[PDB]
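Each chain, letter by letter, is given below.
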Amino acid sequence: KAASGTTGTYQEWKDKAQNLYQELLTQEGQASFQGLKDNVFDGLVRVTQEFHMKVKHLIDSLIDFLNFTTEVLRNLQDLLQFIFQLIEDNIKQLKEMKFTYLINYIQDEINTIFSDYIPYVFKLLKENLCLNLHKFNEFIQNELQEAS
Amino acid sequence: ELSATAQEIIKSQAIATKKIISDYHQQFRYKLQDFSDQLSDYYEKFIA
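Going down the list, the sequences are from chains E and Z. Reading the first sequence from the start, the letters are residues 4132 to 4199, 4292 to 4371 in PDB author numbering. Position one of the second sequence corresponds to residue 4468 (PDB author numbering), numbered consecutively onward.
Hints should not be assumed to be uniformly reliable.
[Unchecked claim] With a straight-line cut-off of 27 Å between C-alpha atoms, the simulated DSS-like cross-links for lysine-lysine are:
1. Z:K4498 / E:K4132
2. Z:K4498 / Z:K4486
3. Z:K4478 / Z:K4498
4. E:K4187 / E:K4318
5. E:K4132 / Z:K4486
6. E:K4132 / Z:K4512
7. E:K4346 / E:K4358
8. E:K4132 / E:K4147
9. E:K4318 / E:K4168
Hints in this document: simulated from the structure, not taken from any laboratory.
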């Protein structure tokens, strides 16, 4: 009974293992993460806009609270709004220039290099060895002639 | 394959496991019979 149950459970779970293998292949392809980056950038933009509104409201309320300085506070409000706009622009840029591409690029580069460039380097070493040996022979022949 | 191998191994073990006990129980009984027979002639051997 124990053996039967164990075999049944293993065969049951074999399928999800292959599903996870497919998911891993997709991840190595780097094709399921960019969406999360876009979502987080959108959330960041939304939160930045909300905080922009809250901060300007706070400054406006503070002016009246103090009156219950003014020009400086208004200029500070304008500058803070400018900084908020800069932050929003930077977030939009970061969303535009996502980093997901270079990971797959380097993965492909290493996969190609291992199977392509390494044998060529070995061949370079072999050729250099033979060439240096032959040059050694030439130079020793010349030196021996001079010694004789 | 592993499950089948394990099942056949345990099946092979079980028969010999039973066989040993089956062999030993009958001799266990025959020993009691022999001892009971022995007790009968103790007094006569002693006296003789």
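Okay, the hints, checked on the actual structure:
1. Z:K4498 / E:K4132: Measuring from Cα to Cα gives roughly 40 Å; hence the hint is violated.
2. Z:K4498 / Z:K4486: holds (19 Å)
3. Z:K4478 / Z:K4498: With a Cα-Cα distance of about 32 Å, the restraint between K4478 (chain Z) and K4498 (chain Z) is violated, given a limit of 27 Å.
4. E:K4187 / E:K4318: holds (26 Å)
5. E:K4132 / Z:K4486: holds (24 Å)
6. E:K4132 / Z:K4512: violated (61 Å)
7. E:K4346 / E:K4358: holds (18 Å)
8. E:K4132 / E:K4147: Holds: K4132 (chain E) and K4147 (chain E) sit about 24 Å apart, inside 27 Å.
9. E:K4318 / E:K4168: OK: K4318 (chain E) and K4168 (chain E) at ~7 Å, within 27 Å.
When held up to the earlier numbered hints, the structure conflicts with 1, 3 and 6 and fits the remainder.
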